[PDB]
Amino acid sequence: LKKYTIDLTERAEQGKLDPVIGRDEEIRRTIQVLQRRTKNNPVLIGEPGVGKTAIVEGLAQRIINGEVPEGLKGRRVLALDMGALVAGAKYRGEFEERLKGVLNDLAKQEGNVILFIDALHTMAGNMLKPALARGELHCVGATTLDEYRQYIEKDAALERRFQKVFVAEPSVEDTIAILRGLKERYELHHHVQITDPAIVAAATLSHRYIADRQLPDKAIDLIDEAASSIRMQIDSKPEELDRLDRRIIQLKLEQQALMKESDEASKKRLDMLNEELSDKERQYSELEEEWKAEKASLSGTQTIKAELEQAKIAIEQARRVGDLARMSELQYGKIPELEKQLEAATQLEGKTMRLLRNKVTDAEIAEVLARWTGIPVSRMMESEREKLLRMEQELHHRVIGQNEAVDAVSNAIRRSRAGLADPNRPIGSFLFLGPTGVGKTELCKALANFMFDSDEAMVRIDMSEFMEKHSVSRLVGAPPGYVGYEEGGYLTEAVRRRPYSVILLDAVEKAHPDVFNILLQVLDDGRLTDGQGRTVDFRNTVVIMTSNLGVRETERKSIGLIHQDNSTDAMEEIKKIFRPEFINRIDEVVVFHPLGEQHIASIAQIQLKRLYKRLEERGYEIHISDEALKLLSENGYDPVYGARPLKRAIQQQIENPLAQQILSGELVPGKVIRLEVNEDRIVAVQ
Amino acid sequence: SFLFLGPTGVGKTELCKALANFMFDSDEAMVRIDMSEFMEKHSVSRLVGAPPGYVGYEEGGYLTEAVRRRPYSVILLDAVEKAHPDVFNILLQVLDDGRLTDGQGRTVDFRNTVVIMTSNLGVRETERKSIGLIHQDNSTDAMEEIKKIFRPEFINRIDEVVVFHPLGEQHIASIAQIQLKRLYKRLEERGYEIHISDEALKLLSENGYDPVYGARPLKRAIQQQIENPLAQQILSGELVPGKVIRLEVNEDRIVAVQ
Amino acid sequence: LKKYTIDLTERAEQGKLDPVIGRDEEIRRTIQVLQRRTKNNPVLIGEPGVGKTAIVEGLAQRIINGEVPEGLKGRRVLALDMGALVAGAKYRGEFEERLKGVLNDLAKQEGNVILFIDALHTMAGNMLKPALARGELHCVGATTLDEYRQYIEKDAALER
Amino acid sequence: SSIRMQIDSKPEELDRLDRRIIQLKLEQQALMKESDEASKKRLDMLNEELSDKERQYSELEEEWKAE
Ligand SMILES: Nc1ncnc2c1ncn2[C@@H]1O[C@H](COP(=O)(O)OP(=O)(O)OP(O)(O)=S)[C@@H](O)[C@H]1O
Ligand SMILES: Nc1ncnc2c1ncn2[C@@H]1O[C@H](COP(=O)(O)OP(=O)(O)OP(O)(O)=S)[C@@H](O)[C@H]1O
Ligand SMILES: Nc1ncnc2c1ncn2[C@@H]1O[C@H](COP(=O)(O)OP(=O)(O)OP(O)(O)=S)[C@@H](O)[C@H]1O
Ligand SMILES: Nc1ncnc2c1ncn2[C@@H]1O[C@H](COP(=O)(O)OP(=O)(O)OP(O)(O)=S)[C@@H](O)[C@H]1O
Numbered sequence: 161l162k163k164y165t166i167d168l169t170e171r172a173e174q175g176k177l178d179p180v181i182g183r184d185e186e187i188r189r190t191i192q193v194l195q196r197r198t199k200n201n202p203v204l205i206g207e208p209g210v211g212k213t214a215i216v217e218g219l220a221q222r223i224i225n226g227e228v229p230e231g232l233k234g235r236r237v238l239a240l241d242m243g244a245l246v247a248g249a250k251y252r253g254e255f256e257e258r259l260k261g262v263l264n265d266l267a268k269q270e271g272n273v274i275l276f277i278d279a280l281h282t283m295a296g297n298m299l300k301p302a303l304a305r306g307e308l309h310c311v312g313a314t315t316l317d318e319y320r321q322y323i324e325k326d327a328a329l330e331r332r333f334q335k336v337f338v339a340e341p342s343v344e345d346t347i348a349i350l351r352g353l354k355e356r357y358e359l360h361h362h363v364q365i366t367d368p369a370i371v372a373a374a375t376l377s378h379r380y381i382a383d384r385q386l387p388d389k390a391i392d393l394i395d396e397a398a399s400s401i402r403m404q405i406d407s408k409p410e411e412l413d414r415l416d417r418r419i420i421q422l423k424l425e426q427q428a429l430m431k432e433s434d435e436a437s438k439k440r441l442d443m444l445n446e447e448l449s450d451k452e453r454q455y456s457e458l459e460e461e462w463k464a465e466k467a468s469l470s471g472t473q474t475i476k477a478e479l480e481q482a483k484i485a486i487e488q489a490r491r492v493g494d495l496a497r498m499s500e501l502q503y504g505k506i507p508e509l510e511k512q513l514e515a516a517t518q519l520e521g522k523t524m525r526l527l528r529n530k531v532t533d534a535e536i537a538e539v540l541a542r543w544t545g546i547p548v549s550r551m552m553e554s555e556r557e558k559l560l561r562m563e564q565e566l567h568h569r570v571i572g573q574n575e576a577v578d579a580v581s582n583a584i585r586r587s588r589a590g591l592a593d594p595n596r597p598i599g600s601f602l603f604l605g606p607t608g609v610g611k612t613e614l615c616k617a618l619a620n621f622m623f624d625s626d627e628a629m630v631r632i633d634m635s636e637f638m639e640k641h642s643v644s645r646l647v648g649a650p651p652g653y654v655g656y657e658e659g660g661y662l663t664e665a666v667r668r669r670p671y672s673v674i675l676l677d678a679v680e681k682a683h684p685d686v687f688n689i690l691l692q693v694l695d696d697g698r699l700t701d702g703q704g705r706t707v708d709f710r711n712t713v714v715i716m717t718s719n720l721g722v723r724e725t726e727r728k729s730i731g732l733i734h735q736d737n738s739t740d741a742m743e744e745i746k747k748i749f750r751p752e753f754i755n756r757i758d759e760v761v762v763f764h765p766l767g768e769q770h771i772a773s774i775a776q777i778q779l780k781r782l783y784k785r786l787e788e789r790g791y792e793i794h795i796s797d798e799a800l801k802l803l804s805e806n807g808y809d810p811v812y813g814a815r816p817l818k819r820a821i822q823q824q825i826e827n828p829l830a831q832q833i834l835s836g837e838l839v840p841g842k843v844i845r846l847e848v849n850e851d852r853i854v855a856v857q
Numbered sequence: 600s601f602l603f604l605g606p607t608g609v610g611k612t613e614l615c616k617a618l619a620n621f622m623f624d625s626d627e628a629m630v631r632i633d634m635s636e637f638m639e640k641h642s643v644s645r646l647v648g649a650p651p652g653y654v655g656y657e658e659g660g661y662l663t664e665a666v667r668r669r670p671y672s673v674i675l676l677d678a679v680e681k682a683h684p685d686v687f688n689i690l691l692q693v694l695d696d697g698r699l700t701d702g703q704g705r706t707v708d709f710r711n712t713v714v715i716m717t718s719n720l721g722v723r724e725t726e727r728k729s730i731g732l733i734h735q736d737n738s739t740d741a742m743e744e745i746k747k748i749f750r751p752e753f754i755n756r757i758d759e760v761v762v763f764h765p766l767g768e769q770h771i772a773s774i775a776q777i778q779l780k781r782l783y784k785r786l787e788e789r790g791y792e793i794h795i796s797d798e799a800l801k802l803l804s805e806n807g808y809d810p811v812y813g814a815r816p817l818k819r820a821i822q823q824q825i826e827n828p829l830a831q832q833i834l835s836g837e838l839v840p841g842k843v844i845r846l847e848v849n850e851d852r853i854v855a856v857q
Numbered sequence: 161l162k163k164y165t166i167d168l169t170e171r172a173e174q175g176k177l178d179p180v181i182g183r184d185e186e187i188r189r190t191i192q193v194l195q196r197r198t199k200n201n202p203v204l205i206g207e208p209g210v211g212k213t214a215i216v217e218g219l220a221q222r223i224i225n226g227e228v229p230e231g232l233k234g235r236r237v238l239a240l241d242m243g244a245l246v247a248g249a250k251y252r253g254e255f256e257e258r259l260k261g262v263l264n265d266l267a268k269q270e271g272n273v274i275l276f277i278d279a280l281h282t283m295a296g297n298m299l300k301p302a303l304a305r306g307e308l309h310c311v312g313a314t315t316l317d318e319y320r321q322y323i324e325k326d327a328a329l330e331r
Numbered sequence: 399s400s401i402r403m404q405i406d407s408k409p410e411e412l413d414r415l416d417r418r419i420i421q422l423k424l425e426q427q428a429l430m431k432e433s434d435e436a437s438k439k440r441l442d443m444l445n446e447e448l449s450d451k452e453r454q455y456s457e458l459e460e461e462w463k464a465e
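Chains as they are written, first to last, in the deposited numbering: chain A, 161 to 283, 295 to 857; chain B, 600 to 857; chain C, 161 to 283, 295 to 331; chain D, 399 to 465.
So here's chain A without its partners, still in its complex pose:
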């Protein structure tokens, strides 16, 4: 006991531990395990962070407070580790005799002292089971499920001496009370305020968006992180002081470099920069002056906070000794007087200046969790309003036509930023049923290039690969008994990388209806469980389907066949598999339409922009006759095909004599090329 153990009760006696609120039936349950005749030793099972070690802690706190039931009053709790154990036993019999010696140390401890084991699934086996049988080994363990089972579930005393107690992830409100317990502890370490919408929004959004770590733990390190952020901000200077300090240090290192001169006053023709340099000195004294003012304010605030807690630990040690009149004149007396005038003074300090930031606040929490996912609230103060309010203009840079479609998509993303969508659904559930040659993939690339500013994050998946049973085994993963079980799937791993992004599907109809049903999982609800064995949240990505159910009837429907009927044999495979919650609870069947003249001329222009971009990389510039654009616009159109073979007319009419002459060396860089229809076709000229 000299070497191997740590008294928890004494570290409680220094108040080093932190209080734990609740779980009362768990505590009575465990004490019921403790003062039994046999099976004296309980098991705590759950997830990590749920508070198993902290349940042991607050138990020991209740013991040193004397609030324990009788018999246990005075009985001590010590935690035994490994690591002091596993010292230099290179030869046989050493470690065994250590453990035997501390078992006899327990024997002369006469049943008084409760032992604790953390990480029961570490640990012998022979040496404990009779002492376990007698009840002499009076211990407590803690682990998770799989560590328990795969440790072993099935050793005779190692199940027989022990009893399982489920902790579980508690409610929102319980964790709220926990944060109400620990908020003062973290104002001690973290020197700032605590706002109530910060903690209730922290519990709510941590419950919504983090899908791996549990309450309370995710709210806890939300608080620890954000308070760390505010100390990080206040510890440094504000960025106006920093960049304005950069021009201050820039100019004083400019003349500081320029003091070493032949005749310094002669080459000081820059006398106004000497004067304005003294202005940087004075202005710097202003910024540092307000800076030390704010440091005096919040520094004094941190002192009276910590000294206030010294009054509180003082009054609790006074609760241990019980001198009621002194306690009543202190906590009913001198301390809350200085508290309320102290808060009037510190709110006067909070309103006396502006660069001070003392609250937590909930918006900071929204920025942190927003940084883990990608959905902020803080763009509202930012210049989101421009690019959001020209979202139709932004997409109508690189997609002409179909205003209905871009308005539909745009309104969906706008109400996603509003927060109006069902949290228990995916955001976007889209179906584009239009003709060919219309720029579906243009729209998808436009949107990925809108948010994530590339066409990387757009997760393209062909569905024409898929006909058979094995298709879902492709995208989802393999069952166990196969190497692909160790591997996993495309999709599950893919959104498990980055949560909230774009998922793209192409010619969706050809697959099996099994595909469509697991779509109906992730579109009715937005969850899917992999073959590996874990649920995957989809509920804040956007899925997009452009396809060809309707297309072989879309090419004959326009105009004259009704959108109900191509909605119907489009709805052939659909109502074959999908139900009213799908079609009524997807976003839209989006219809497209063919193009006219200025469509084709416009996409000729923005098509040419990339050509000017690449030749602009190569040092060439091109001027084009309007008539050449007229002939190309004459060439590109065909009704059955739409916008596509315009590109063919571009490359074969333009690019081939251009390629011949550009490798001919006739064309010299720096001299801007001109394009003339000095033919029946387009010719090139310098």
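Hint data in this document are derived by calculation from the structure and do not stem from the laboratory.
There's no promise every hint is true.
Said to hold, decoys possible - DSS-like cross-link-like pairs, simulated, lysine-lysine; straight-line CA separation at most 27 Å:
id	chain 1	residue 1	chain 2	residue 2
1	A	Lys476	C	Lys199
2	A	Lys250	C	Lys163
3	C	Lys162	C	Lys212
The hints should help you fit chains B, C and D with the ligands onto chain A, whose structure is shown.
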């Protein structure tokens, strides 16, 4: 052991979640499993675990794991057309006797745990055959796909075969005013309130209805009709918090007004 | 420390280390996670092409240049060798006899060091969990993506 | 073991009445402390409720002792 058949329109797993929030006070504990994952041969190696010596053995299948953790729960089964007949017969060891072994080497109790199967064999044909199909005849063409694998051991050893039915329009009014409430929670998130006329709510009633499609154009008819201009006026900075919105109808498209 | 580990800050002071350009939000993010009171243990994830141990050594460059915010300027950084610890694994029992004494030395510098760990999926382990639990051991890890996937993602203390 | 706990623990009339008397002792500790004795020492109702709950608490206390 209940099977849920007929048309849909109705929120079958919504009723399941009503039980999950009923007795377990949340929809978390209600373990849900798709059958349309499970059409393969290899599906059993997903749900029950692996045979010895191979990849995935010492980890087990999460069904027996979840039941063996907390014994007496509610197990959700879904869209049962798409499964495999062995899973039907492993399931026949479920409904008979309430016990089931794994690949790992032991059995798991079921005998105080409810299994619920939402399925579509009705709504695969009943919303098509809306004239003349009775509960017995729906059991017959149910027993087209059903009768081969599912036998009177299966079909007798399920408890009750609950058929459903389409929706009254006042029901749809009830669902709509249900769906308003969480939107009012979104308003109390931001400090707002919607008033509505009776008549604009009547517009949502006359728009949301579809006989074949049940009530289910309701919510997307709602937020598609009203939340898009709402999101415009909010994201504009136009709409001030601390105020009341009324759903007026400047004309037959519903408009939100401060 | 002295027995096994290597001072990176000393190498930056001797100019042996390479500068980096940009990424101020990420190194600020790391500082932000280092100002935790507990679990104060950030992990870098990416390919080896993304150069993250260059990021931590350029962080050490910022520390020596004092452009780190305050409080950390008293601290110094060392990186851990696995091999000189683990190479004496002849019998069953000897490695932890080294490792616990190492942990006591970390308890002897008393929070004035900031530990770096590389190849976190290689990193024993049960003894690490309490010191990382309390936030006593103030360490920094960095590793690869599917190394973290075959680490185990649902491994109990280690996610936490 | 559990019924032995419920015996050895303090009973529910004893502990509920203990909470009510201890709230009445802390409220009494704030009420005997006067800012205006002629105003704050109007407290007669709190002190007769004090003696009342000392009667009830003391009697159930004594019955608990005898059992
Ligand atoms: N109810 C609670 N009240 C206060 N703090 C809590 C509570 N639950 C969890 N915590 C915190 O969560 C931390 C981790 O939980 P533990 O007590 O270690 O139990 P755990 O679930 O075994 O986690 P481990 O030790 O990683 S397996 C504790 O140290 C507390 O700081
Ligand atoms: N409105 C448009 N704006 C710009 N380019 C367009 C437009 N319509 C078609 N295109 C061009 O046509 C090409 C093919 O269109 P896509 O973007 O692939 O969509 P699509 O017409 O439906 O054909 P898919 O993708 O095979 S279904 C694009 O790469 C563009 O070069
Ligand atoms: N009659 C109804 N009453 C209440 N909610 C309903 C009703 N009909 C549909 N819903 C809603 O519809 C959504 C999904 O209902 P579900 O429970 O999935 O119906 P379902 O029959 O289970 O469909 P599946 O899962 O494709 S078999 C939820 O938001 C329900 O609240
Ligand atoms: N922004 C950068 N600045 C400087 N060097 C960089 C940068 N990005 C990558 N590198 C270099 O990338 C190389 C490999 O990456 P490392 O920094 O060693 O860490 P890494 O990502 O783990 O790759 P490893 O070490 O091979 S596993 C190093 O030589 C770095 O110097």
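Status of the hints after comparison with the structure:
| no. | hint | verdict |
| --- | --- | --- |
| 1 | A:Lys476 <-> C:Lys199 | holds (25 Å) |
| 2 | A:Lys250 <-> C:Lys163 | holds (21 Å) |
| 3 | C:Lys162 <-> C:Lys212 | holds (25 Å) |
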